[PDB]
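Chemist: Spelled out from the first residue to the last, the chains are:
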Amino acid sequence: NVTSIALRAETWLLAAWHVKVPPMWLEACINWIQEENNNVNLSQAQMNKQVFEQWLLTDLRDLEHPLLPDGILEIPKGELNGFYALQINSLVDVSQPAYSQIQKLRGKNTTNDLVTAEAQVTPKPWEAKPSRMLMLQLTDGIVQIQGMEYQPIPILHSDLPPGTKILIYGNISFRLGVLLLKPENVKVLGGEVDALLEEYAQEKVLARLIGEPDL
Amino acid sequence: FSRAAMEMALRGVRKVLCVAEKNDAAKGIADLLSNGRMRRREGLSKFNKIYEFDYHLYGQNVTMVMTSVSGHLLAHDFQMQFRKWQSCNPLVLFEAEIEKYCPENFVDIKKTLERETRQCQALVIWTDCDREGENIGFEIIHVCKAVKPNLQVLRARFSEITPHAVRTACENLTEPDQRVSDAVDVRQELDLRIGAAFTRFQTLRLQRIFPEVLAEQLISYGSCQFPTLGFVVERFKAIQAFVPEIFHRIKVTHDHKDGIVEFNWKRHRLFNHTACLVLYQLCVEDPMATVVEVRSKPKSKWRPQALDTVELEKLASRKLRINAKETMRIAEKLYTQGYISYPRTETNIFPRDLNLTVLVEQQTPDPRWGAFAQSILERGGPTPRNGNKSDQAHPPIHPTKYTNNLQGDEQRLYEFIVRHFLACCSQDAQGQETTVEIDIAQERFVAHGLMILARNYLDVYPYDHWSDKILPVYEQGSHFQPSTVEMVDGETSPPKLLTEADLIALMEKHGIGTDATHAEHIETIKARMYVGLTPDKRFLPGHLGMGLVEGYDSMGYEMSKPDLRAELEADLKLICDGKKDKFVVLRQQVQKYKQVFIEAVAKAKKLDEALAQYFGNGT
Ligand SMILES: [Ca+2]
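Residue numbers (the authors' numbering), protein chains in the order written: chain B, 2 to 216; chain A, 21 to 639.
This is chain B alone, in the form it adopts within the complex:
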């Protein structure tokens, strides 16, 4: 019977990180943490921390606890309000070609490939840039939606491990299953999913977009 500790942890998880967990996972999790630290009688503060660390490493798809509202993919356009601690399955930059990206990632030198005798036509700072736009594959473990970098969100980067947990909050306009995320609507919690690190590694994500086989 760890149901007393479970309510206290549930209260904290929601209060501190807006994390919602099923009661059965929470009880099974506390029991394991108690077995792992068998020698001691842990405080609620330490228990709450260790429960949250296990959550960050959990695959939400295996949790079967819906967070995002029903038929969010059925609505063509709308606004989303509230706090959601979701999971990034995969992530990619759509402001840059995947071939260009995979080349740099693979560390191969393509200097001679862009050499021309024709005079340097100095581009504009949004052609010389342009600003990055990450397209996040977000999930509550039941529904899969997309998250777009509507305004620059510097806490997000293409090297975030698949299974990374992120808090999506405030007023967020959505269209055709794509959330228009602004920095004021995103918070990175951390973690990773071992099962996802394998399949949705940045090299594999980009290789699929250029049609590379055995993927």
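These are calculated hints, taken from the structure and not from any lab test. Watch out, some of these pointers could steer you wrong.
[Unchecked claim] Cut-off 30 Å, straight-line C-alpha distance, at most; resulting in silico cross-link-like pairs (DSSO-like, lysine-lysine):
id, chain 1, residue 1, chain 2, residue 2
1, A, 321, B, 125
2, B, 183, A, 286
3, A, 529, B, 130
4, A, 317, B, 105
5, A, 602, B, 125
6, A, 516, B, 125
7, A, 516, A, 286
8, B, 105, A, 339
9, A, 516, B, 205
10, B, 125, A, 626
11, A, 168, B, 125
12, A, 271, B, 78
13, B, 125, A, 286
14, B, 109, A, 321
15, B, 125, A, 339
16, B, 130, A, 317
17, A, 130, A, 317
18, A, 69, A, 345
19, A, 602, A, 614
20, B, 125, A, 277
21, B, 205, A, 47
22, B, 130, A, 47
23, A, 47, A, 345
[To be verified] Just the calculated beta-carbon pair ranges, DEER-fashion:
id, chain 1, residue 1, chain 2, residue 2, range
24, B, 189, A, 258, 33 to 39 Å
25, B, 36, A, 261, 31 to 37 Å
26, A, 278, B, 189, 49 to 55 Å
27, A, 278, B, 125, 20 to 26 Å
28, B, 191, A, 264, 54 to 60 Å
29, A, 266, B, 125, 20 to 26 Å
30, B, 200, A, 574, 30 to 36 Å
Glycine included, every Cβ here is placed at the ideal spot set by N, Cα and C.
Use these hints to put chain A with the ligand onto chain B, whose structure you have.
Modeler: Structure of chain A with the ligand alone, referenced to chain B:
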């Protein structure tokens, strides 16, 4: 060294033997120093004449016996014993004794120099002032010193064949540079050894492996021609590997009385249909555009930088459609005839000594560019755009004399050299850049405008283009309805096959083909059928060219890379400066290339495997 030292040395000199690189240079230099008073005489060679004339050298009245050679007087080769292909293993050619000899067709010239040395007390070298020219000079010195070992040898340094230049050369005779001659002897030796060993190895092997395909055909190897081919194969492979990708962009246009204004998306383009579709849908509902920022600043287009051999070779190909081999031929003809300065230089800095005001004045009689040349003088005078390189020998390529009597490509290249020179000595084009930022549903789009105020250098240099892009008036805060709001599709484009100017650029970047030798090596890979020209006219590698590069590259060591040749060419520059001796360079380069050879002989089957992809089975 000093005037007193020279006058003392010249005492008792009656006849001075002068030798030029070619008869036209001899006829030309003799005509200018003598004021056409020269008296022609015959040599033992029908094409290499003698021009006697009285001249005053360092306070001594002498008879100048001006003759010439016909390029290199001496040929380098291995001894007779190693000359036959089936006489030795190609590996021994890295150590096989090499000798210099005079070919049968040049023996008449050798015998003329020897003949005249008997009647002359001094020797003045008048070969072109480059590395090969100094080496030819030392070939002439060796022949004459065989007759008179105590013969006084001097060297005339000049960057143009004009009365002032050739007269100043006589007042400033110097000692012949053995260092630059030695660097040529080192390059000649390495090229023969690496060339012969690798050529004999692959030609004999591939002729036995692919008899029906490569029968009686020469599969040659060059330490520089190989990395040159490598660039062409590298680019072809890049195109082969390139994956194009569809991108999407929101195009917003606004119609005006005499022109449509196109505002370009600040997000530029997206490689995701849904990402762009979502942003575009936001734009169709509430498409009212608001003028955010109407900014304007002065913009300038830079006049050309002082001309060197590489920029001439590249711009003549791009702008005039004359290939580098022909450009250098015409450029040498115009130099020899006295119309341009020595066209083989790395200098892009005008020396302080050089009077640019006179060179500009000289071009004012022309109907086309004359008025512009006058304009430079009226605006204070020449203000050249200099670079950062100086060989400390020659000035940038420029017109030395005005002529209106040229025709064909000779006229086209002279006109180019004159226009570039005047453009360089002119001012930069000055304009006004304007930009209008509009917001449509929080999405930003930008239209650009240009208004050229003073064309300046552009009025003489039509090879460059700048055009006005006049935008209508937009007030900061205005609201308007755009003509069209579209969601158009695009695709990423691969690189293109290399042009000659593109190939020269790559060679320059990697430090191979230095000392204006780019064309020679591009011509060799063309002639050996390793590369072919498309109608475009870009370089496409042949099956033999392709197979050789991917054959050696599959052996592990990255042989198609220009790093080893660049190191070789770097060492040669050190020999010239006296920063390195010829014996260490030879020992180091030979050891380096003998190792690469030994590894290639060991993995020789890789060459067969790479070419089998094109010619099929073969034993
Ligand atoms: Ca020459």
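Chemist: Taking the hints in turn, state whether each one holds.
Modeler: So, going through the hints one by one against the coordinates:
1. Proposed proximity of residue 321 of chain A and residue 125 of chain B is supported: the alpha carbons are some 16 Å apart, at most 30 Å.
2. With a C-alpha separation of about 17 Å, the suggested pairing of residue 183 of chain B with residue 286 of chain A holds against the 30 Å cut-off.
3. For the proposed pair residue 529 of chain A and residue 130 of chain B, the alpha carbon gap of about 26 Å is at most 30 Å, so the pair holds.
4. For the proposed pair residue 317 of chain A and residue 105 of chain B, the alpha carbon gap of about 36 Å is over 30 Å, so the pair is violated.
5. The hinted pair formed by residue 602 of chain A and residue 125 of chain B fails the criterion: a straight-line CA distance of about 51 Å is larger than 30 Å.
6. As the CA atoms of residue 516 of chain A and residue 125 of chain B are separated by approximately 24 Å, the hinted pair is consistent with the 30 Å bound.
7. A C-alpha spacing of about 28 Å is found between residue 516 of chain A and residue 286 of chain A, which places the hinted pair at or below 30 Å, so the restraint holds.
8. At roughly 34 Å between alpha-carbon atoms, residue 105 of chain B and residue 339 of chain A are farther apart than 30 Å, so this suggested pair is violated.
9. Note on residue 516 of chain A and residue 205 of chain B: the hinted pairing holds, with a Cα-Cα distance of about 28 Å set against a maximum of 30 Å.
10. As the CA atoms of residue 125 of chain B and residue 626 of chain A are separated by approximately 48 Å, the hinted pair breaks the 30 Å bound.
11. Distance check on the hinted pair: residue 168 of chain A and residue 125 of chain B sit about 70 Å apart at the alpha-carbon level, beyond 30 Å; violated.
12. Restraint check: the Cα-Cα separation between residue 271 of chain A and residue 78 of chain B comes to about 23 Å, which is no more than 30 Å; the hinted pair holds.
13. Straight-line distance between C-alpha atoms of residue 125 of chain B and residue 286 of chain A comes to about 10 Å, which keeps the hinted pair within the 30 Å bound.
14. Of the pairs offered as hints, the one joining residue 109 of chain B and residue 321 of chain A is violated, with about 35 Å between alpha carbons and a cut-off of 30 Å exceeded.
15. Between residue 125 of chain B and residue 339 of chain A the alpha-carbon distance is near 26 Å, which keeps this suggested pair within the 30 Å criterion.
16. At most 30 Å may separate the alpha-carbon atoms for a hinted pair to count; residue 130 of chain B and residue 317 of chain A meet this at roughly 21 Å.
17. Between residue 130 of chain A and residue 317 of chain A the alpha-carbon distance is near 68 Å, which puts this suggested pair outside the 30 Å criterion.
18. Only pairs whose Cα atoms come within 30 Å are accepted, and residue 69 of chain A paired with residue 345 of chain A is accepted, the gap being roughly 28 Å.
19. In summary, the hint linking residue 602 of chain A to residue 614 of chain A is supported, as the alpha carbons are separated by about 18 Å, within the 30 Å threshold.
20. With a CA separation close to 27 Å, the supplied pair residue 125 of chain B and residue 277 of chain A stays within the 30 Å bound.
21. Only pairs whose Cα atoms come within 30 Å are accepted, and residue 205 of chain B paired with residue 47 of chain A is rejected, the gap being roughly 72 Å.
22. At most 30 Å may separate the alpha-carbon atoms for a hinted pair to count; residue 130 of chain B and residue 47 of chain A exceed this at roughly 61 Å.
23. Proposed proximity of residue 47 of chain A and residue 345 of chain A is supported: the alpha carbons are some 25 Å apart, at most 30 Å.
24. With their beta carbons about 38 Å apart, residue 189 of chain B and residue 258 of chain A fall inside the hinted range of 33 to 39 Å.
25. Remark: the range hint 31 to 37 Å for residue 36 of chain B to residue 261 of chain A is contradicted by a beta-carbon distance near 54 Å.
26. One distance hint, 49 to 55 Å for the beta-carbon pair residue 278 of chain A and residue 189 of chain B, holds here, with the actual separation near 53 Å.
27. As the Cβ distance of residue 278 of chain A to residue 125 of chain B is approximately 25 Å, the hint placing it in 20 to 26 Å holds.
28. Between residue 191 of chain B and residue 264 of chain A, the C-beta spacing of about 37 Å breaks the proposed range 54 to 60 Å.
29. Hint check: residue 266 of chain A to residue 125 of chain B, Cβ distance near 23 Å, so the stated range 20 to 26 Å holds.
30. About 33 Å separates the C-beta atoms of residue 200 of chain B and residue 574 of chain A, a value consistent with the hinted range of 30 to 36 Å.
Hints 4, 5, 8, 10, 11, 14, 17, 21, 22, 25, 28 from the list above are not met by this structure, while the remaining hints are.
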